[PDB]
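In the form deposited without the named molecule, a lone chain appears below as structure tokens.
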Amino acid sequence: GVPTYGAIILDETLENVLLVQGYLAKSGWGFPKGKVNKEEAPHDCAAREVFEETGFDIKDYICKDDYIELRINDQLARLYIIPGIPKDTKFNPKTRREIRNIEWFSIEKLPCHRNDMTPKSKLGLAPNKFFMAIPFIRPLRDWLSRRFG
């Protein structure tokens, strides 16, 4: 798998995160991110994907050491952490064939796992519209705890 790069944007209170909603296979909510182009540096990919999906430019705010990275089915996803972006910021995707909507969510209200179906004696997990975001939530809470307290 080709690696993906993007950002976790937080507001000034550190309470809220910016998610984007896609279409079809990507119909639910996730952090803004996408696949790296040939010979493109990780920080340049993250700024390009975030600007395409939100219309906000992170280039002057990226810190090279501040990121969460996960490997999911042998594909690497690295999201740079960008705190302190005001909630009254005007966001507008470029790529509206790809992005349905953009919204702020409370970090403490987001799920960090999907629910089983043990009440139905059935295997697997119940659908959840935050499925693409969920793997990063626990690592994000732990990162904010260590850096800020």
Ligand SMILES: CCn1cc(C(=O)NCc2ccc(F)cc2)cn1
Contents of the next structure:
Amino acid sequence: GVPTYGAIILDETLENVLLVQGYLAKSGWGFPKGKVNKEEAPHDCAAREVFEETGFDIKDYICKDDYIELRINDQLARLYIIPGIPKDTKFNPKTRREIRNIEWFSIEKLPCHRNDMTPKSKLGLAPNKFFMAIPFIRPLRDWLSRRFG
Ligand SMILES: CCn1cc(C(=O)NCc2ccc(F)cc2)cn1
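Show the other one: the form deposited with the named molecule bound, since we just had the form deposited without the named molecule.
So here's everything in the complex, that chain up top.
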């Protein structure tokens, strides 16, 4: 699968992160990201996808070595960490045709794993509207500890 790039945008307090909600298969909440184009550098893909989905341009803020990367079923997703973006920033996607909504979420309130169904004696995980964000939350929490305190 083709790598994806995007961003974890945080506010000035470092409390909140910016998530986007799509439609249909992409109906839950996730960090803004998308598929790399042929010959496109990871940093340009991230900025491009973030600008398409949020209307916010990260290019002046990207730091080359500040990202979290996960390989999930053989697909690499790398989210550059972009702290310090004011909470009153006005975000608007390129088309409401892909992005339903854009919101800040408290990091401490977001799940960092899904819950099983052990009270129901059933295998697997309960649905969670943050399932695409979830795999980045523990690594982000740890990364913020190691770079801010
Ligand atoms: C198909 C599995 N899945 C992906 C998402 C996801 O990426 N959510 C956030 C998002 C939505 C639309 C975007 F264009 C970009 C990012 C949710 N479920």
